[PDB]
Amino acid sequence: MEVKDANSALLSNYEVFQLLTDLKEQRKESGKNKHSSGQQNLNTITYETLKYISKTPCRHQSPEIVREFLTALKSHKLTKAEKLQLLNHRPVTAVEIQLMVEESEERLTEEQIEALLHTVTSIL
Amino acid sequence: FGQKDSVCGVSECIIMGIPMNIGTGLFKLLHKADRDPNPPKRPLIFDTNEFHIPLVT
Amino acid sequence: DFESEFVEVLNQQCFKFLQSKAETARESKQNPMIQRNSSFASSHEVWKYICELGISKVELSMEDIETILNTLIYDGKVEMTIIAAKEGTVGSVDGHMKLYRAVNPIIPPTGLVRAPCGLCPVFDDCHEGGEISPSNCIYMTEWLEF
Amino acid sequence: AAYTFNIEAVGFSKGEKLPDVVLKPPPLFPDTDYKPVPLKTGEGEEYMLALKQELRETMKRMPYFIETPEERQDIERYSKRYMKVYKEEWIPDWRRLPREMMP
Amino acid sequence: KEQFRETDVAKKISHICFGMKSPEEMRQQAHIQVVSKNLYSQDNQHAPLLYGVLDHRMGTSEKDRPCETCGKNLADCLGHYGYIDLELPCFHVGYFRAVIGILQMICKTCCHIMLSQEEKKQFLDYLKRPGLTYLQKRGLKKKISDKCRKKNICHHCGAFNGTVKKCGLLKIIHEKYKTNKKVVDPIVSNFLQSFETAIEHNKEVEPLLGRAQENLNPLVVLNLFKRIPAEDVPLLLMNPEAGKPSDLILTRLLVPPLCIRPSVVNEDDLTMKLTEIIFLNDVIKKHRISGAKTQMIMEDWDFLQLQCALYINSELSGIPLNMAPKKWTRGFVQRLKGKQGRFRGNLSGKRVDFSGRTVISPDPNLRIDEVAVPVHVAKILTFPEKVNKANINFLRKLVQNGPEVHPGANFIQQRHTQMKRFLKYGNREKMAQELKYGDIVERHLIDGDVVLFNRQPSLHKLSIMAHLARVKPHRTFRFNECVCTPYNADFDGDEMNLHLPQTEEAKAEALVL
Amino acid sequence: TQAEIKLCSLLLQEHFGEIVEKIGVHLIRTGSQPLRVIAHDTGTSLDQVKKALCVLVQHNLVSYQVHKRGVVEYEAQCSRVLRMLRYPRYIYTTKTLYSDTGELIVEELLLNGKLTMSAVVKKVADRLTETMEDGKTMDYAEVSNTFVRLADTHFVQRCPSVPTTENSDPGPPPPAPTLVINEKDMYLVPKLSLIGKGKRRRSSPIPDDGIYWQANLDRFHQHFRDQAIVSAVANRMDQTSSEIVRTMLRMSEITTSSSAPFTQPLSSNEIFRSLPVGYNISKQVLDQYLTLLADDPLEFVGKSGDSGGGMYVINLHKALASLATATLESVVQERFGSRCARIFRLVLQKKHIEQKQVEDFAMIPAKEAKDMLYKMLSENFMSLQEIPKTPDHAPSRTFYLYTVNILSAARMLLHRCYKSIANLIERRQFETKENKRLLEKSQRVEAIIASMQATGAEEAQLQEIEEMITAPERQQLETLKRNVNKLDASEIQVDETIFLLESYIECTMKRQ
Amino acid sequence: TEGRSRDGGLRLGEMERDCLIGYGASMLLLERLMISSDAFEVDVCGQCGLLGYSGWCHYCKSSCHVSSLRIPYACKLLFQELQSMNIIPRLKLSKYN
Amino acid sequence: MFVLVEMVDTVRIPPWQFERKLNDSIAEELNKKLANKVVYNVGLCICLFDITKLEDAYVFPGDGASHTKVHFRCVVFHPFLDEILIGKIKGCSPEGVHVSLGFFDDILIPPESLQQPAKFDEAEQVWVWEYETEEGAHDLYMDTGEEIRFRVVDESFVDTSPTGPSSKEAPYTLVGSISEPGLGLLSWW
Ligand code: SF4
Ligand SMILES: [Mg+2]
Ligand SMILES: [Zn+2]
Ligand SMILES: [Zn+2]
Ligand SMILES: [Zn+2]
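Protein chains in written order, with PDB author numbering: chain A, 1 to 124; chain B, 1334 to 1390; chain C, 171 to 316; chain D, 10 to 112; chain E, 3 to 267, 275 to 522; chain F, 2 to 205, 227 to 534; chain G, 1036 to 1132; chain H, 1 to 167, 180 to 201.
So here's chain A without its partners, still in its complex pose:
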């Protein structure tokens, strides 16, 4: 094994939700054989990862929700990794966008922060 790229692309948790949902759709038609402990590992990590994601606010989302979310969020001078966290966590108040955005009190005016809260709550 060899890694050509440790960091190739960042993922929303909706892509991983859809991936594990499509993996569940074709699994468990032929059970484990007790020939190796690889199927045990795959079943446990797929199950528990999907169970963790299923209590996040990345359920009930769609591709076009993320499309229009990045579309409305494009005009706000934010980074990639901040838009990722804003898509994942669904912030509802202003105390946590102060966390998720670096130098919030210096780049973003309070009215811009309120418009950002409205932009987040309006789409998701």
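Derived from the structure by calculation, the hints contain no laboratory data. For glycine and all other residues, C-beta sits at the position ideal for the given N, C-alpha and C. Careful: at least some of the hints might be erroneous.
Here are the computed distance ranges between Cβ atoms for each label pair [stated by the list, open to error]:
1) F/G327 with D/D102: 48 to 58 Å
2) B/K1365 with E/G457: 26 to 36 Å
3) D/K89 with A/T93: 19 to 29 Å
4) G/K1096 with C/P291: 22 to 32 Å
5) D/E63 with F/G232: 28 to 38 Å
6) C/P291 with E/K205: 50 to 60 Å
7) F/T477 with D/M71: 28 to 38 Å
8) F/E456 with D/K89: 17 to 27 Å
9) D/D102 with F/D140: 20 to 30 Å
10) F/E143 with C/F293: 46 to 56 Å
11) F/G327 with C/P291: 44 to 54 Å
12) F/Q66 with E/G354: 56 to 66 Å
Here are the simulated DSSO-like cross-link-like pairs (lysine-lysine), alpha carbons at most 27 Å apart as the crow flies [claimed, not checked]:
13) F/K325 with F/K305
14) E/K302 with F/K51
15) E/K395 with B/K1365
16) F/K372 with C/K247
The hints should help you fit chains B, C, D, E, F, G and H with the ligands onto chain A, whose structure is shown.
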């Protein structure tokens, strides 16, 4: 001197336990599996280039 | 050896006497050539001084202090100048005289011994990634603490 | 047990007081009796200590310091542009340098 | 939670870059520091000590006690190294002829190489061309040693460099202060009158002060070789990526693992020599405190060097008479060289199993591609036939016939289990019902298995061919007499070897080619 | 010189960067190489090789020649890379002998490598503006007056100059301009009438072109050797004798080589006249001083003359031998104790000795004498001799003579000093790397306190940084700062041992 | 082992190896002189060239370069006898394809 | 907190699986080998994403199984520095607050990064925090593990291997901070 000796020759291939290049080792075999090279890729939804014009000037 | 527990007081006491005489000659400061001639101490006068101190019961012979003063020189603390014996109180050496003066060492202690690398006993086993590495030494961790 | 070499050729004519059998290897850092001489301080020796720190903070900002480029960085940050400092580039005297130095 | 470790990478080995280790990579290689001298503990438990030789953190050499940080066995453990810290450095008896050459090529004072800048510019450019082989480097080392041995003054420090030559077993002398009948040079005149206090308190110094020169010991040539500049190392014809000149003097010493020196041979000769090296290290470490003379220190140091030299090579020539061994021991060279060493004994041609050897006798009733194997050989020689869909019903019968009726089997191996259940015990009808796809059954040699067949002085390539075996009752290999001309067999009590290949690729290559 | 290569790697990586230290280390390690094989044997791109070679040849770190068929073979100087470590001592000695202007001149020279006179006086006049206030600007003329005083005293010299190509082979240009050093115009300053004022950094055609200046490091080494011998005499005899020795070296400054076995002789009649006027001394007491320093068995001075009354020389190689011997005995005294240093000086003075003779002379018992002898043999301070009876060279039938050779032990001590400074630099970089997160967080909070500090700095934000969680680890920041300060100070102070050893190993060599 | 009384087994000499070379039977010669004499898996680190164990090179302290490699036991014995003599074989493994 | 990692690998396809299309078998065999394991420098592989290039299927000598070199991409739990997560609490310790993140277990919060008005326990396991007006010194980090919100500020790789002669610490340790305003439990803000 640190003179590096190849194991391309026949006798040291017999010593080191690797199959030699003469005889039935001159070529390589391939399995003709029902395969599909370059299959279609799963689409990235979040990280494309059109939604992520960079921040710095 | 004569005794190792006994020479440790004579090697200090002769140095105290020589440093006292150099101190008096330096505070004289009248004529520096005369000051330098008064800086030389007699080989016989120091024997007469130490035997008058009288710390040992066994009598300190002059030929024994003739080698006790060698340990004063070989610690790098006094010199020795041999002149002819034109004038002398006793004349213990036939036609010649031995003189001793208290000196200071030439330089301060060098910069190598200020770093703990200069005093390492496993110096030839220290490398960048091994067990004994400068990134995890004990001698520096003691040395960088206080 | 007996040895290939004769012990008598080494020594031990009495045959006793052999060197003891060590159980545990000695520690990595033996305790030394002596310590380093403490350092020299003064109004002249302290100025070199500050000037040497000024040399690092100056020569890292001079154009002669060829920067290594950033590689495979994970995310871009707004705290990243505080780090990045643009710097004017010096020009070599091409008359003193040979011809193959030209780009 | 669990780290991703997998190694089935299937790279093949390509080429073997020889070299040498510094003393401070031996510490990075080895696991324990061997300091103790007794092999086993004192009591009846017969267990080895914790930091000596025969410690089982250096692998194992017996079936009983596993390698002592895992629970896996003799048949899988590579063995592991330990290092001995020598108290005083010693010459390596293999590299000593190269230590002499490096000392003859460099200045013994400033540690540069004694050449003009122009000759260095010549030879460094000659070292740049591609296709530089080992014959060419062997010639070039002599051509540079010639131009180094024709100089007597250094072109860099100006000091004098006399001849360096071997003055016996593991000693190097350097004639710095040679004299002549001419006007005496200052540099030898000061050294001749520098002996004042030695002349004062001894008499025999005064005749012998003409024969006094510079003695190079490992304490000094290890100091010199650390100061050779790395520019001047390729002119010593060493690749600085595969070795350094400081590495030819050993001051730390690896010990081989237990699988290289078997404890029941009692102990191997290398274990005894390593025990004696540890003992001489303790002797010198005690005599550096107890105030022995320089005669005893230098004698013990010589012993330390003679023990390392006999450890590597036990056939030295100039051994002094009060220090020779009593018995003959295998050093590493004597277990490499010879008729029964590693190369000629084990690498070139090695013994194989699944073979037989019987007297031949003629039988024309066979076809020309058949050999008649006796029953008492075909019950022993087995072929591992993997169970698949085509032959499950055949191998059930060959398991039920057991190990004594002829068309039968001797073993059975489960799928992902490497243990072979020997097929005499157990109700064999239960083992015949428990065959899954992928089990390996070592059936007997049956009619139609390809077997190789060989008459022993093998002149041309038809001294070994492959026949299709058939089993027959009597006790001789019986082939058709039309095949006597390739083997040059003659049926007068001649024996011919049998070889049964154990792999389907080996069967097919034997049968076709 | 593996220790030298490691130390040069650390110094180039600190003061120039990574993709230049690769080129510097390769040029030190293999030697004379043309340009394409610096590229191929390292593996980097060619443009980086070009930029690295130009930034090395700017600071006079690599040289270059012309060979057969028109190739340019570069070559690095290991000694010039090693002298990058002594830069704060150079900047301190030019601040000692001169003003702050002469400090900043040598600073701009050692930082830029090669500058013209106009550029360096412009930069000095610019950088002195922060040191002043209240409308007063620094002008070029008083900077130039110090620059010519440096050039007269030969601390600063001119770089080797280009040849006039209209006089030297007019036609096609060679691949390399073949610089030649002219002995004539080293210290001939170019005259300047252009004067001006330094900008205060508000953020809102050259007459001496090609004439570049470099710091002459050999003159600094000569001055350092002078201070070493002066402090040696000042610690041995007296202050007045030391001032006489300082005056003799000052008169020996401009008139002799930096590498000469004996300097120019001096008549005492001009030794008397050259003394600064603060001393109340006569001719006869000066004669006494000179003839009593000639009485010294350390022999810093020699007679070497009779005409003109008092004729006196000062010794160079014997003085450096005395200083190197003092360093070599100081390290033994501090490493093993006084009772072993006694044995070392004993085996030094009596040139050859045996064990019974040491035990008799030294007043040191058995099992403590031989212990220290063998500890000094295991550290390459003290050689054996082994005068042989038979040619068998057996240990049972010979005599072992202890011997201290000063040259090999001084080379060994230099090799230990290089690796010592390399280890200190390793420890400093390791501490900075393991604490760089707290370091950058401190950089952030000092950037917060730094911004709007002059205008509108409320006292509440001073508490908000103290309320911030950097305050538990300000203990760790103080520990890191005092550790880095102590390691940098020791890295400075080992150079005093390095120079005193390197001068002796330099002066015992002939180069024939 | 050696003879009949030890139940020893026969010998592929230096001449039958030549005869098997002459047919071009590569895998038969491999099987005879490795698999049915002494088979052994080593793990060779690809960066330092030294041998390791269980997918772990003790020298470099890493697991990101080692490779599984079938080898005769006589060859491993040769390599460890040479490393004890301070003649280091550094096995530079290339690749297939 | 999930990334794609482009990796190459050799996948040994055993010969009883030749009746099935190769792309499904490569995906099955790579999921049997990379799932729930920590790759040393990229993180924790969840499952395969896709196969992007599938080279030729060699057959090596001595084995009938077809090996092939596969270019693929895989989703990996590797949260970048300064990133906000939410997860349950497993338990408290003298070393800190052991935070579970569903599938992943070793997220440790040091005491130096807890909230500053209280940093110490009364020789009790559960870590506390003190506010003056309400819930003075009796607020607590319950072992039932209500969801907290933290911020990862450090990650560490150890190469967990059997050190010593042969033939349990976590290879992916992740250290976060909680001391910023707004973090902690979700019940507090
Ligand atoms: S790095 Fe550590 S062990 Fe090595 S010399 Fe320095 S203090 Fe001693
Ligand atoms: Mg016959
Ligand atoms: Zn082991
Ligand atoms: Zn020379
Ligand atoms: Zn390795």
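Item to check | Range hint compliance [Cβ, F/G327 to D/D102, 48 to 58 Å] | outcome: 49 Å, holds
Item to check | Pair hint outcome, E/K395 versus B/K1365 [Cα-Cα no greater than 27 Å] | outcome: Holds, at about 24 Å.
Next on the checklist: Is 46 to 56 Å respected by the C-beta to C-beta distance linking F/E143 and C/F293?
Outcome noted: For C/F293 against F/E143, whose Cβ atoms are near 51 Å apart, the range 46 to 56 Å holds.
Checklist entry - Range hint 28 to 38 Å: satisfied by the CB atoms of F/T477 and D/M71? => result Since F/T477 and D/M71 have Cβ atoms about 31 Å apart, the given range 28 to 38 Å holds.
Checklist entry - Is the gap between the beta carbons of F/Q66 and E/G354 within 56 to 66 Å? => result Holds - the Cβ-Cβ distance for F/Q66 and E/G354, about 57 Å, lies within 56 to 66 Å.
Checklist entry - How does the Cβ-Cβ distance of D/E63 and F/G232 compare with 28 to 38 Å: does it lie in that range? => result Since D/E63 and F/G232 have Cβ atoms about 30 Å apart, the given range 28 to 38 Å holds.
Checklist entry - When you take the CB atoms of D/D102 and F/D140, is the distance between them in 20 to 30 Å? => result Between D/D102 and F/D140, where Cβ atoms are some 27 Å apart, the hint holds.
Checklist entry - F/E456 and D/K89, beta-carbon distance inside 17 to 27 Å? => result Given a distance of about 22 Å, which is inside 17 to 27 Å, the answer is holds.
Item to check | Supplied distance hint 44 to 54 Å, evaluated on CB atoms of F/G327 and C/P291 | outcome: 51 Å, holds
Item to check | Straight-line alpha-carbon gap E/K302 to F/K51, limit 27 Å | outcome: 62 Å, violated
Checklist entry - CB of C/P291 to CB of E/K205, is that within 50 to 60 Å? => result 40 Å, violated
Next on the checklist: Hint check: F/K325 vs F/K305, CA-CA at most 27 Å. Holds or violated?
Outcome noted: 17 Å, holds
Violated hints, listed in ascending order, are 6 and 14; each of the other numbered hints is respected by the structure.
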